[PDB]
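Next up is one chain by itself, shown in structure tokens, the form deposited in one PDB entry.
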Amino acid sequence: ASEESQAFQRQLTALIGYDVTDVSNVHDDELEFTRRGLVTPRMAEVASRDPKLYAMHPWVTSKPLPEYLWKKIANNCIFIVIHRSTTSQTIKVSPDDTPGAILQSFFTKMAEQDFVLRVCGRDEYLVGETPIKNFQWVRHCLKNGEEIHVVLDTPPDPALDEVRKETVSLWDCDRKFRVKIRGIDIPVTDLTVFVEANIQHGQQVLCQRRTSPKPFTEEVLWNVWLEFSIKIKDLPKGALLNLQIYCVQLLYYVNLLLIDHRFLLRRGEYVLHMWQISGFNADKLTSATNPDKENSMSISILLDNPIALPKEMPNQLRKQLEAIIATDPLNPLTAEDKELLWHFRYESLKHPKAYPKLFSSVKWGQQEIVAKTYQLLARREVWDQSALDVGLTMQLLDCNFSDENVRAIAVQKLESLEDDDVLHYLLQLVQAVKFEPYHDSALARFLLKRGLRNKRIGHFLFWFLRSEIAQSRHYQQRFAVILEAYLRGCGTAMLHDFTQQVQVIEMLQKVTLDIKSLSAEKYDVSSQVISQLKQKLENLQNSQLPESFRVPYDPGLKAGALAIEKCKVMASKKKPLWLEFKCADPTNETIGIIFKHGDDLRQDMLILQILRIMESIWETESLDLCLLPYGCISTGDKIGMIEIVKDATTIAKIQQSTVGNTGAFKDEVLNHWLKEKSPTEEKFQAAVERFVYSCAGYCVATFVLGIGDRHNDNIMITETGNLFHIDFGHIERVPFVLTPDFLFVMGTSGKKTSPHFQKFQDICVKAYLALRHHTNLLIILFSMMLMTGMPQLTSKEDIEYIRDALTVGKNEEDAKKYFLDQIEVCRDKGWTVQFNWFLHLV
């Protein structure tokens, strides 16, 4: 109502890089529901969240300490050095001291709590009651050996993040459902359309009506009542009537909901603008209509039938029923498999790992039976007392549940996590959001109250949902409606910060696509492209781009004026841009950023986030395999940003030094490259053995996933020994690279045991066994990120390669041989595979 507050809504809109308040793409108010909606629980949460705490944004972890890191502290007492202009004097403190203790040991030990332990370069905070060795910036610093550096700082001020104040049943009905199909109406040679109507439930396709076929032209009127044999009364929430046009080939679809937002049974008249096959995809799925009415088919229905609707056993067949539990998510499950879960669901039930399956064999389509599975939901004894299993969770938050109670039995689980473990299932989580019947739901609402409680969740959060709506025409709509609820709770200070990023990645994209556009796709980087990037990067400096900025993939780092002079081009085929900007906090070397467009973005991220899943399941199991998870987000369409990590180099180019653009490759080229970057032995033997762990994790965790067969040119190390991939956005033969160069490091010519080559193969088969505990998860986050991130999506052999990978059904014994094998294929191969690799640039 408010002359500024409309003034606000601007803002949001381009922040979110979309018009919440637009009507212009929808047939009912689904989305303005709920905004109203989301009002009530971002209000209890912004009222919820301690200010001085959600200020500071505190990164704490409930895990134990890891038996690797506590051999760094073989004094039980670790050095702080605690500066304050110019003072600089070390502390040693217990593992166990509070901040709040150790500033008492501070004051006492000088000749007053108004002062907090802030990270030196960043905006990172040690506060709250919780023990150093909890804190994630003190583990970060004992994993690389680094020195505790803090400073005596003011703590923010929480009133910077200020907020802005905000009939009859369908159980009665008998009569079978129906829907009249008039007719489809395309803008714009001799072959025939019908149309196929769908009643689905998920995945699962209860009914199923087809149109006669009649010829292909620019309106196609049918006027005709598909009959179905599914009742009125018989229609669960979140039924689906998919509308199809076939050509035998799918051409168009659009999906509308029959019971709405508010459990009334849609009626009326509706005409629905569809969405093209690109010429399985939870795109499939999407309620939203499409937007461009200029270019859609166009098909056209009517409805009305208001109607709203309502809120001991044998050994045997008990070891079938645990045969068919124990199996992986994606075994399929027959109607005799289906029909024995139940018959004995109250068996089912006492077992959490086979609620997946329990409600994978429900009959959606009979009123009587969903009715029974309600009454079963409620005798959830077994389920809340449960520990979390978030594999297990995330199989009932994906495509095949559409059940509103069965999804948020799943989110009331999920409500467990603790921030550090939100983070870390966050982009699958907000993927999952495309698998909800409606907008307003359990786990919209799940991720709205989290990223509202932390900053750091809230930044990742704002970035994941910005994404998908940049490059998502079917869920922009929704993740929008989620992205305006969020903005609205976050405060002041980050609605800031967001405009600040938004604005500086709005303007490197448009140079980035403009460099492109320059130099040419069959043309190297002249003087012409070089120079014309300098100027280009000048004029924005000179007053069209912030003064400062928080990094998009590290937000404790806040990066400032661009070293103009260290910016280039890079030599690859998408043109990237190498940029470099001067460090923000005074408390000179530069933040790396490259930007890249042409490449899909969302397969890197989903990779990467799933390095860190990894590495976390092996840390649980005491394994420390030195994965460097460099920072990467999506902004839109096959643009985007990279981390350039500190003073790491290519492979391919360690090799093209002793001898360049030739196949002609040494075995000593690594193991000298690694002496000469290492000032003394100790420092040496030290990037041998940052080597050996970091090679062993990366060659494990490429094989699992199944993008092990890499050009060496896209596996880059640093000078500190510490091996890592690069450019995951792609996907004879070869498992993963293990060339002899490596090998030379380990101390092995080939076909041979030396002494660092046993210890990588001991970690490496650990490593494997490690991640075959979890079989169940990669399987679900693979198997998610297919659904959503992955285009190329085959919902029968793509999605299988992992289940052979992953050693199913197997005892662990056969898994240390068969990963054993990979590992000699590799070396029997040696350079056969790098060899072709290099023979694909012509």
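Residue numbers count along the first chain shown, from 1. What we label the rigid core is the largest C-alpha set whose atoms superpose within 1.5 Å from one form to the other. What changes on going to the form deposited in another entry:
Candidate set 404, 637, 389, 554; criterion, C-alpha shift of 2 Å or more between these two forms after rigid-core fit; matching residue, 637. For residue 294, a C-alpha deviation below 2 angstroms is recorded between these two forms after rigid-core alignment. Residue 96 shows a C-alpha shift below 2 Å between these two forms [criterion: core-superposed Cα displacement of 2 Å].
Annotation: Cα of residue 172 displaced by at least 2 Å between these two forms, core superposition.
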Contents of the next structure:
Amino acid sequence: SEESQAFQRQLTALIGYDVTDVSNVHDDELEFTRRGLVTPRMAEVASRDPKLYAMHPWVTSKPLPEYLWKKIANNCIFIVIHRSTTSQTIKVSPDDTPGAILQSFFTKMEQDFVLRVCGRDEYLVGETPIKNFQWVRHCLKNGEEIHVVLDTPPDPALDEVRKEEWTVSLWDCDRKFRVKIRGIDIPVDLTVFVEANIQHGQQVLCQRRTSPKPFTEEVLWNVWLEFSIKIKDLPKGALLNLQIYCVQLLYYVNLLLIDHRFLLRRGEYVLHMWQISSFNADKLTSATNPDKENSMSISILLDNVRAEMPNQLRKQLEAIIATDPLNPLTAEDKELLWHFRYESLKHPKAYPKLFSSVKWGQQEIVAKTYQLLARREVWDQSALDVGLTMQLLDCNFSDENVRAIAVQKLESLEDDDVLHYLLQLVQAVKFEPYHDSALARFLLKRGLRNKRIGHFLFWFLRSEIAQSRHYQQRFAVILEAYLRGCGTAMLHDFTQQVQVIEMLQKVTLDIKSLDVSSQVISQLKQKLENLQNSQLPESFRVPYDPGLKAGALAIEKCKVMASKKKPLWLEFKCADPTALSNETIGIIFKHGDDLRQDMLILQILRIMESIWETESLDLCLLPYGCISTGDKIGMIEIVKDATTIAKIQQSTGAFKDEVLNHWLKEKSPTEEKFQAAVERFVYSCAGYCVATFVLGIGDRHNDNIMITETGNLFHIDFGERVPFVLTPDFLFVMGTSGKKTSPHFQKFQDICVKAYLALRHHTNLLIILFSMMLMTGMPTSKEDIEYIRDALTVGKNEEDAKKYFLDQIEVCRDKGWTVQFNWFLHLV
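Switching forms now, from the form deposited in one PDB entry to the form deposited in another entry, please provide the structure.
Just this one chain is shown here; partners and other molecules are left out.
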């Protein structure tokens, strides 16, 4: 009771929003969701293994790729066991477990000892072979020794959870639905009218506009908008979308007609409306505008066996199922899908198109859809198609049972795969009608089960709460629900992290107020010293990479980055002892820009890598951690031994072909290291040429493109033209110019086609991730989404796609420096 208020105030600090507050509400759905999420939390906390939770072994049941088998010498992975300034190497095979390795060590000079990684809080533990650990695969990929420290396991009592102290709609009639629009109000384009839509999954079932009156401070209509749809006909999660036009949309607000308790909405509502800045995720929100003083408001009143198909039609049905998600279904396609629904149900890929064809505004039709969803032996037995699963969780589907079967397929995901899709799955909670949902419980459950997922779950939820008024109320209830079962050790760790972000965001606002200058470098090193002496914690877990513990600031190494945005080049000491080297943990702390759009671009690029792993292609674009920490701010990994090619080129806008290759000659001393860097350049450049072409972000200036000393190319910014950057300086490194060819350029083409075709095998997955980004990330249009189809070349064989992408390579070679030079013209 007394201490619970302090614990509640502790949660509010971590969450960044007061869940107990009821200023911006008209119902108890948020409070019901807090109470509702008690059951899945305590079940998941009870079911989880205490030992494996504390140690959190990051593993994958996927196969090891062909390129990583060639890194293994003679079926023998070298693993070095360290123990208080004494190291010993062991001959261990890929199929051996940690338990087998422990027995092998303890033979040559027992139960209460575990193999922790050197430097990181990462544990080689549990009934899993040594190749399946993701740290072991990272060491073999990058070409580094697997250094391991022998020590006692962490205590599960540190992860203790506290004691927590806590179908048909009623008034069913055959009458038509109506709403009285009383009027509107605002304190601070000379005509307006209210448009009352009845939406269900971005689909207007009925629409009734008011009469056009003049745009004054208080416009009062006082009129029943009588619709032609019954009360029984209203489906669950039906959305009363109220909008104010003037041709020109000004304001909007939504209201759920059927509530969380299966009851129809009634009584007086003065809903405070969101202002506009086409369709997006913010358009769908049940939350009202919290800023009640300035915002627009709207006052309302609510008061109340089977035969075989023909061969033509089966071919016609299979033709409809074969098309992509963005291919629009006609009225003829929907009627065919519905009439032959039991044949459509035998194909899993039909499901998005089938449940799009449902007439959700008829109660009898929804009942048949539920009867159809009952017997789904094919869907349950099918292999996990994540792209197909992601379709059913987008804006087009509002039914709980349709969305629940998608979430059911997500249950079979391993923890490694959940991390790849976690950001997008957290963004997919915006498309839910209700606060409590199957997806919300899935994210909670898998967050509570694994520490790594739960770490990134915290930051994805906390970032949205900060920079989105539309969905902060939903995410705070989910985040509170995670934090109430994550454990005391993690609660302590998240507090230490938030304190570092809070202090650094306080420091960074003052620096931007005060181009490079003498005072700016001194004032930063002043402020970083002041916090470090007392207030700043002794250590903290790195948000983008929770294995690393960053300690105290190396304030001599700290600086402000010389740009317009002025990000903070911070540099921390490694807190955990027994590290390999004495290299500092470098962190760029970004501020000012909205990172939400760019965070989702990055996560797709990480999904593109995992596609290229499954078909044996080692491109490895994007070699740095990056994460959004709050409102307009973020935290990014520094790559040691790396610079921008604009710095390399000029060492006014005069470019050079030879200079980039001479830079690689300088930094890599030997010819084997040089040819490795030329090879790594060919693989990475081919990855970026393919990836940016698909996403439509290839035309770019060279100041935001970087290259490591090891040859690995990477990008630090995302958006008479070129489809991607393949300039003469890049082509020179391969060994060609103008109208010539070479072994590396031929290899670049072979890698480009293989990588491009590899992405085409997951066309539907990439389409929906691209579609979900533009709605959830950006505060868009159908035509913006339709580019990726043309970029992927949908409905064309591998020879035509090869010919298509090879032509786009030749476009870059003809123009060359024209696009890069045009930045200097357009600069002036």
